[PDB]
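Visitor: This is what each chain is made of:
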Amino acid sequence: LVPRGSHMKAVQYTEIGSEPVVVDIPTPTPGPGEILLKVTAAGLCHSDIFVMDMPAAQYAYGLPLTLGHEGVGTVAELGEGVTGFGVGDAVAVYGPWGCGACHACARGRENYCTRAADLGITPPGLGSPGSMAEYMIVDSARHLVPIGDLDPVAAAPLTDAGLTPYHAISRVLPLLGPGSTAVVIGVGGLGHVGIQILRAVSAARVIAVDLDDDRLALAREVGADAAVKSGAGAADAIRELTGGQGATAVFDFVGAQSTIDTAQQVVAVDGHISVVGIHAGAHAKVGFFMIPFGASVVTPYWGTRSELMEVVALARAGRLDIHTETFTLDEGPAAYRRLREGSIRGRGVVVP
Amino acid sequence: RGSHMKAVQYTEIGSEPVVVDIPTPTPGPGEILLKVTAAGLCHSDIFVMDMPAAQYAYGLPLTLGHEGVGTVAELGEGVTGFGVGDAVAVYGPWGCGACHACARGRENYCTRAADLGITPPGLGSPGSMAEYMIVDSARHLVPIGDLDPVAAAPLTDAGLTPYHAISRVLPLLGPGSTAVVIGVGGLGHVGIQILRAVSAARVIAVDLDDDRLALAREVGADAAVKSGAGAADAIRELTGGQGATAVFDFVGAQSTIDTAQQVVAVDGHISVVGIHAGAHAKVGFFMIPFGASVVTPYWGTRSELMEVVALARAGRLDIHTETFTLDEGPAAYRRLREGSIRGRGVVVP
Amino acid sequence: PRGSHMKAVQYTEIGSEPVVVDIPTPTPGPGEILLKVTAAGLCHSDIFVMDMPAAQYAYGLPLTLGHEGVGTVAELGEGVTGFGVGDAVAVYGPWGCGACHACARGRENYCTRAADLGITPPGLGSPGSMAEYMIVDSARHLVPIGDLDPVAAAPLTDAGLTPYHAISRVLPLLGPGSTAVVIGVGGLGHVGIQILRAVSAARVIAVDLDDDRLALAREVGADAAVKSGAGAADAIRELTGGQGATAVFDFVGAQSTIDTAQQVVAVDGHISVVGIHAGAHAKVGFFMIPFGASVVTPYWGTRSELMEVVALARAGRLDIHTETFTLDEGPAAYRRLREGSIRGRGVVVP
Amino acid sequence: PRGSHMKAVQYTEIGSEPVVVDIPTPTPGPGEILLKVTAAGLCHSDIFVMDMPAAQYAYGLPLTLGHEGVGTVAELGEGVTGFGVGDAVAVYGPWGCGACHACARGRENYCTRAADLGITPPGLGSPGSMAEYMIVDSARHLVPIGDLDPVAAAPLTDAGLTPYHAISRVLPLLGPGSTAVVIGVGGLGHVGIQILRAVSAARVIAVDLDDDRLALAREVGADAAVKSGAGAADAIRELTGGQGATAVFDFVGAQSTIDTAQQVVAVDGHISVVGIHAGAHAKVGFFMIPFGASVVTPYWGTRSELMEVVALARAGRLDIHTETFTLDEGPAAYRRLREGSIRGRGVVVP
Ligand SMILES: NC(=O)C1=CN(Cc2ccc(CO)cc2)C=CC1
Ligand SMILES: NC(=O)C1=CN(Cc2ccc(CO)cc2)C=CC1
Ligand SMILES: NC(=O)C1=CN(Cc2ccc(CO)cc2)C=CC1
Ligand SMILES: [Zn+2]
Ligand SMILES: [Zn+2]
Ligand SMILES: [Zn+2]
Ligand SMILES: [Zn+2]
Ligand SMILES: [Zn+2]
Ligand SMILES: [Zn+2]
Ligand SMILES: [Zn+2]
Ligand SMILES: [Zn+2]
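Residue numbers (the deposited numbering), protein chains in the order written: chain A, -6 to 345; chain B, -3 to 345; chain G, -4 to 345; chain H, -4 to 345.
In case anyone wonders, no lab produced these hints; they're calculated from the structure.
Zero decoy hints are in this set.
The list that follows gives simulated cross-link-like pairs (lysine-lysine, DSSO-like), each with its CA atoms no further than 30 Å apart:
id: 1; chain 1: B; residue 1: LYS222; chain 2: B; residue 2: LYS278
id: 2; chain 1: H; residue 1: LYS2; chain 2: A; residue 2: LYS222
id: 3; chain 1: G; residue 1: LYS278; chain 2: G; residue 2: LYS222
id: 4; chain 1: A; residue 1: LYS2; chain 2: G; residue 2: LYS31
Generate coordinates for the entire structure from the input sequences, incorporating the hints supplied.
Guide: Dropping the structure here:
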């Protein structure tokens, strides 16, 4: 698609319960401190679905909403006083914006900003204009990470399919020494990247759990030491491979009550369960004799800027091979339909 | 406001700081202009001002003061998250904001800051010892609210710097550990209070001056020791001859560093905090216990600065301050030289 | 220096969408004027003609769209005086022969020879204004707009002129104590409500489906607002104490709406069917419409009226909302129009 | 070559879809060269052959697909000198006998003996490039690419070469002041424009179906762009002062486009029919086409041509939009190929 003036194509969620639609909205202009990006790739994500399935009550993200919370692009116009990027610069968009000033933000951890709810700072494509348009605004230089000559299509999923699993893993990386076992439940958009991250940054043994045969082989293709079929037999299968020793960490990318249950029955004493996937209602039960002593559970949120940099560094060293399928802006809504039915293999990416 | 303002500047190499009149700055996009409420002095200012002409490229004239507190006076274009009137402490060690270190909150260790020419206020950029001051970014301001400006000033250095040193190794300082603090004047005095507040470690003070030792007692040091060749053996006796987990040397002379190496425990840590040009630890087999790490730490982090204020706000830190006026700036530096300042000096415009 | 060719938004094939295409920059023959287009409005009419089926097509293609044109004088043809280069002019849409009785009376839009001679308007038969340059046939089709913003002027050549002429036809009836009912507070109706407040002292009643438009109507001078549909007739009658309405300006033109009109018009009143819905018509017969109630489908407006619309605008008395598009985005603007998500009138700026 | 088995995509049964397979790794005979495939492009032509029916089937499957092949030399067959193991080479597609008069003139694509000798192109009868490794028959059929990205080079072997040949056939006619009409700005047409810009001073006019396609034409160096359809002949002539275009490269190849072409082509000009549509053909007779305007259906490209295409590429003068797939997504890509849901050219990277 060619740049053609004062408006741009965007993929907007317009009405609750409706499908998203392509619209020609005005191209924004960066205020002072803001940056305008020419979007070069915008990732689709299952999360996008969840948000679009909230009822009139639940949903508090305001309409219309340009979707797309995984976004990379080139610098188009710098707002007033923004130095430290030049027009043409390829950047990835750091997703979970924060106040930049509370204790958490001051330590890098914006994803856990203690203020961004109050101040109404929301991420692009999840409350602020997202990346699935020809252009987007980013509030602050602080939320741009350089990516150099990385391919945008492969870069885009890094902002979430890379960052989110990286963070979860990172939370307990000291535990994942040689000898340790990491269980990755689900080999979807996130699972298949988590596996690679586990290999690149740790020496843990990785055991993948999914339903389809071709998923298990995908798991093997990307570095999973072993692969087992998810379901009521998955716990025993894992205990089998672990010699009954139980796994150091379980990263549940699926996040169903099924999988969380498995995770609780395989997790090692003094291990960790990280519930990364959203299924409304699904929850671990952490109480004496319902989970091993010392086994900590958490639901992590996205990742940190230093993480996002670290993820880009992995990709730029050829350590991450994200599986993509390219779409057009126009194909935007059609891509969503593809996602609901779970036929997109790997991660879908829109390319203006 | 006004067209110009007073400022304590270092104008030529090897001269005294003089109060001169210079344009009142105006904040560009991204900047904040503060009405300064407190500007601190320390020996660091004296150090920089004793660099010879020979070692000199650029810098002059310089507005001094890297220990700055003020209130927001005007917001540059775009700047949000502060309102005019806000009481703020200036974070000293500025960084690029975008490298790995800066993204982790460790701007004191910004790897791009040399090459980009980002110098701290009063050490390369305009300092806090003037009527007004520019801060480059909102992210260099830390709220203090209620806290008295004059108490806040020294925290930005005298507080931050020991805090960071101790923070690097605080995991080691659990119940039963021993911290040695060499030099209990400026940074060490705050150092003991920090150690008392964030740790259960046994604190041993070491100094040359006898009454300094007694005062160090008052702020929570568990034993006193007199610097010198006796110091090592005395400390060992106090630690039942098992060595000290951590030695924070705030003097930083060869003598003290030598003491440090002779008292540090196996797998311990030595923080060389005080600068004496040339002086250094000798880290190598059979010259320091196995596993005993040594570092020259630099200033502190934003997180840390916040934690410092929090400590102060809760009444856990107390530095004695002596107040000067902005005109008395040069007169204050003079007093610092002859060591006739009890506690830290603070200029109040 | 203009270049041999220029971009133009054109309807190239029946059922297709508008495309930005390259075509020769024209030069003015004797009597013609060339304008550098400064603004060009779209409206639903563009959509209507674009929806004519193949069955019906005979000639016309390709067609540079845009009957709502504003420009500045670029080059004058041989023999043309009365306009200088640089002059900002709006283009009079419904071109006529100039020599029949209706033309001579200053009612070109009702020219009796225009069809026989194949005099078609720009954007609907002749090259329209949705290009970098455009040709106007006579100086008599240019109307000075002074320093009025071209973007503000563009919609007036239709959204302004059309409801003006429809109201003008029956303006003497609309003295103090009269009631005008405006059906359709979309494009034309929004401007029409403004016209009624400026040129008359009638009481204006807005009628529309969408409540958001009903509020918008009030802010522009609507004395009262009623929701379209079966309830509307009774509801209007309520607001007039049963006495009907002097004049009903139907901007929608739907059978249902014309039907409401016939039930609410006063005796010796008037109904102006201004919107087009193929086949929708009034039924003017005994006991099926009040005595003396006259019905008409007006067509656009006269040059005199257009000057008057400009003067209203320049005096601050007409405030139509515009969203600007660039020439390259022409088709973009048409799809927004087609899915009806343009607040007010869209205007294209070469 | 390590690994006795390798992955590949193949056409295994008539009318059915290509499927992923595990076949033995080939070993280069005397005079053959074995490549490790760095990139294997797709194109519509692959569909065309898979679409031919059962009835019109004689002798030639399973078939490793892929006629756009790039690789590094893995192992050198007996006596083969001229390349080092590790050398990045593109596979020239139209294999010829190498000994007929055409072949001795560089023009191997028009070899008069290759059909009589069943010499078929790689992936169109011979083992294709779409696998981990492939066999090339002769060093004559490798062209070095140096440090050019394989993903970029692969399309060049067809989307580059084919237009390039077409254009070259008549390049002496494309002097300053000539006009070249490119019909269709899809894969080939896009690259055709950029070639015309590098190698000639001809003025280029693009014709296409879609508003985006026309803007893209303009972006890649078209001086003008008009919409295909009944109107497209006159559209062009308007741009050319009614003079007609010296050359017309129809990359679409519909009867309608060839018809357009016959109406725009200049006297003593040329029409190059470069796209396949079963049945579509020019009508070269008196009064059906200007005197001296020649027509041809060119076939692919010559070896020295591929080399020149690579030189353009290496000097940043040839842009080609690529989308990467994996060997397993091969069949997936071929589906997307059918729905014309792929921008530019698809490339498979093992
Ligand atoms: N931290 C996580 O598990 C997820 C982070 N995101 C962005 C997002 C943010 C908020 C929601 C609603 O929960 C969902 C998705 C992407 C994958 C899962
Ligand atoms: N150990 C440290 O980093 C300290 C921080 N400062 C500011 C500073 C830093 C560096 C210099 C160089 O002379 C001076 C002054 C004050 C005491 C020591
Ligand atoms: N006009 C040409 O020469 C073409 C060359 N190719 C390869 C090809 C094409 C068609 C066939 C017959 O189906 C065979 C091989 C790609 C595009 C056009
Ligand atoms: Zn996502
Ligand atoms: Zn925050
Ligand atoms: Zn200091
Ligand atoms: Zn930095
Ligand atoms: Zn109109
Ligand atoms: Zn007439
Ligand atoms: Zn091909
Ligand atoms: Zn031959």
